[PDB]
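Participant: Spelled out from the first residue to the last, the chains are:
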Amino acid sequence: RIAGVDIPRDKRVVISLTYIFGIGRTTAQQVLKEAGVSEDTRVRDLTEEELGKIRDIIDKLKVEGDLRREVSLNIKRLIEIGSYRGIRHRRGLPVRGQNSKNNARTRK
Amino acid sequence: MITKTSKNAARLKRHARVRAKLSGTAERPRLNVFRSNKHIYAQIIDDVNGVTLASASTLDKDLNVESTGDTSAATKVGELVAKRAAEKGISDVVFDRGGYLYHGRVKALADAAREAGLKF
Amino acid sequence: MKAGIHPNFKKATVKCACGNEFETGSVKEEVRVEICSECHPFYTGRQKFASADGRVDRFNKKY
Amino acid sequence: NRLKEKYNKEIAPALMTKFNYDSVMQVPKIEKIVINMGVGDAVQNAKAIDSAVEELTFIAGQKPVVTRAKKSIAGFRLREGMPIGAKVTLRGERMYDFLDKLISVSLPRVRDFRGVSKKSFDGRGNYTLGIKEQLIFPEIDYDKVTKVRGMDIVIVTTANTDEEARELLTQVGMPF
RNA sequence: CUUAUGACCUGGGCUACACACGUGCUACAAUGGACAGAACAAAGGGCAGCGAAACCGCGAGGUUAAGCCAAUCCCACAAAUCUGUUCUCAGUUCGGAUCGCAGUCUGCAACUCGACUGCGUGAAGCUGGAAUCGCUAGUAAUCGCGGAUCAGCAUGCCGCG
RNA sequence: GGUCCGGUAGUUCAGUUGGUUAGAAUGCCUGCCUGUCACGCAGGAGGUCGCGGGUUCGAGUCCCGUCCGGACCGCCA
RNA sequence: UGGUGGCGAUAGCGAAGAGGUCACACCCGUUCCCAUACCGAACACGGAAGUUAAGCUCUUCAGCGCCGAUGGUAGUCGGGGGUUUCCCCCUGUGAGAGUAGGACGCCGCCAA
RNA sequence: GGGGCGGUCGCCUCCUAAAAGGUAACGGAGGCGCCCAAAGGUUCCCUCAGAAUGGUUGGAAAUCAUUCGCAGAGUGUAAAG
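These protein sequences, in sequence, are chains M, l, 6 and c. 3 is the number of the first residue of the first sequence in the deposited numbering; add one for each residue after it. 1 is the number of the first residue of the second sequence in the deposited numbering; add one for each residue after it. 1 is the number of the first residue of the third sequence in the deposited numbering; add one for each residue after it. 2 is the number of the first residue of the fourth sequence in the deposited numbering; add one for each residue after it.
Keep in mind the hints are simulated off the structure, nothing from the lab. All C-beta atoms, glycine included, are put in the ideal place defined by N, C-alpha and C.
Over 10 Å on every C-beta distance to chain l, these chain c residues come out as not near it, computed from the model:
1. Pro14
2. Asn46
3. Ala47
4. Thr147
5. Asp163
Only pairs whose alpha carbons sit at most 27 Å apart, straight line, appear in this in silico DSS-like list of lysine-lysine:
6. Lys5 (chain c) x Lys4 (chain l)
7. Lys64 (chain c) x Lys4 (chain l)
8. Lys7 (chain c) x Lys10 (chain 6)
9. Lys110 (chain M) x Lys78 (chain M)
10. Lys4 (chain l) x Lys120 (chain c)
11. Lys120 (chain c) x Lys48 (chain 6)
12. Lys64 (chain c) x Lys11 (chain 6)
13. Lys30 (chain c) x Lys38 (chain l)
14. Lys145 (chain c) x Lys10 (chain 6)
15. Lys38 (chain l) x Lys83 (chain l)
16. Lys64 (chain c) x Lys2 (chain 6)
17. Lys48 (chain 6) x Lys55 (chain M)
18. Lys30 (chain c) x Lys7 (chain l)
Turn these sequences into a full structure, and let the hints steer you where they fit.
Facilitator: Put into structure tokens, the structure is as follows:
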């Protein structure tokens, strides 16, 4: 729809474009202000040109179809590059130096 | 290129299939048709001697019609081969469609022969 | 066509967002297209005009 | 229709000069596009195929055919006789209509797209494609779809070798 | 023992990880969350230190720098609270875990092995079995704020309202 | 030597019939209680069916054969 | 050259090469009979734009497949022996997988 | 192949069976005491099993597409034809 992904239609547009992969709340709000399309709209009943002038700005920033693969390529680069950080990523152990005695059930 | 069978080659199996059940002897000869995409032929065959009694076609040298491939020509060639049966009269003939389906120009030939008077 | 068991088929034009045309049939009557084959960058030959792309391995601490 | 006009006018002449065919009707021609649904049924819910049938009759222009399983295999708990998968063949103006929709709207609307696979060939000039999403043309009512099983696409040509089909499908419009 | 259980030096380890126990912190939400506005404390610290205002930087912070050996100056804009707008009961504008990217400070040095910022991603978790604990009023429960230790590092401790 | 029985979690028995689900006590592990241990209270895994072969979409459970045990009989001179 | 037949594929499967004005067939488009458990490739429907590409017909070849007696044997009827769970002699009879080669068609009947 | 004990007693299929039919044994192998309102009757139309290659859920095989493929597959059920 917007960039591949659909949008929950009955909500505010600022909350709704964060469901796409690549922009959070703060980054969404400033591109939405540059878009100039109100920023307090229900996306169910906006019009087509204010729908469409954000396409060009999300084209020149970057989203899932590119961020997913570049973070994948960078992380497998870190994998086979031979780093301690890469081998920790491989083995599922924590990476940011946290202790493995008592925690990190988020991984493994 | 995908193997598309020849329509005539597929037709031979159905014609042999129907010919296994029936054949045209003396004083009970076999009707025979051809349904080429441009012309319709009719033939009368005696099997015990391998000879033909009478025959007709759309490309006969007379009664040519701009149809020459339609049901009007089918009726005309049917009653043509009906009088061809009549002069050396058999007055009886068994039916044998040539691996076709009894609905179209073959049917036109059939009731052409019927009302012209070759008893089936 | 066994009638009734097939849905209705009719002429149904295409409006891309870029405004490109296409003489198309569909079961519906009208389709809004967000991105066409003349503007989606892979079918723009090879990234003709839709790109924000590039990748380097840069090792620069000179500031 | 438009594709038929372009194929008659320019596609077939260009390739017949390119392969130097003596008879101009030795030209390769796309024969049938068949769309085959497959459900991992195995007696889980009857309504999966009973939804995919009328989804595919909206994707194409006519009703599909519920395929019949050949033999039972208990490796899926598949009893022979209960229905699995759907199929529909497309030909005539219909095939060019569907390929039109494909090239025009469908592949650009995939969530992520790189070039179509280089060597999905049979070895004898046929091609097979696998897509993961039902979102082919945008006027499917996308809110009604529940399951996410995409489609299987089989184009059959009169190509005897892979190279002629490979070259002709380029000017058909398949990216590579 | 002085031809090492004594010294010197570099690097590593004291921070590991299939699991278990304890003590704490934070959540599972609308007596809420986000955004704007309005306030109202005590108690301490500051000279190889506190470092104002102003300017730059989205922000961590950076720059020139006022004053203060302090009931003058600085740390230092307290928060909870109240008023209004919005969200409309969902794994969510809850929750932020873990990760990728780009940075800030300190320090010879931030990889094992620091903290912080802007990003993007967004985890489990929708009140917790058998059990079991603290607490007789400014207490409990919640709300922030100081200090020590100190190049940098606090959810811990001590104390303050 | 013949005939008939059974061969299942570590142990003991169901399921072995229902061809189309592998279960129950006990044991073991973890947590709770107790000063500690034992009782007692919460949680959890396990076997993939004596073996081999054959039928069927599909065998623990159908049919043969091999092995292990048990019961019965092995008589008339 | 087309239609239809009989002969054990000695008829085939292969590999190559030619043909189409006529005939045959690919083709054209489903409108009305009729149809596609979905569809004019399929059934039919009614034409004739170009096409020997395929189908089909002829030309060549022993690669495969097929047919194939001659003299040899194995076996065996009947006699006759022997050291006899099996061997031997004679009058006959005649194995097949092996080659000599044959064959990559023979005869009609109706429409050119 | 003394009786007892064991096993068997009717019907169907193959081998034993000596190239017609038949042919015994406590000889060698299996099945049957049904099922099918169509798994019949006619009419009409097709054609397998397996393998190779592509295709996602999806594979060792679910469903498609192509090619090879005399019969390996089916033929309600035992074997034979």
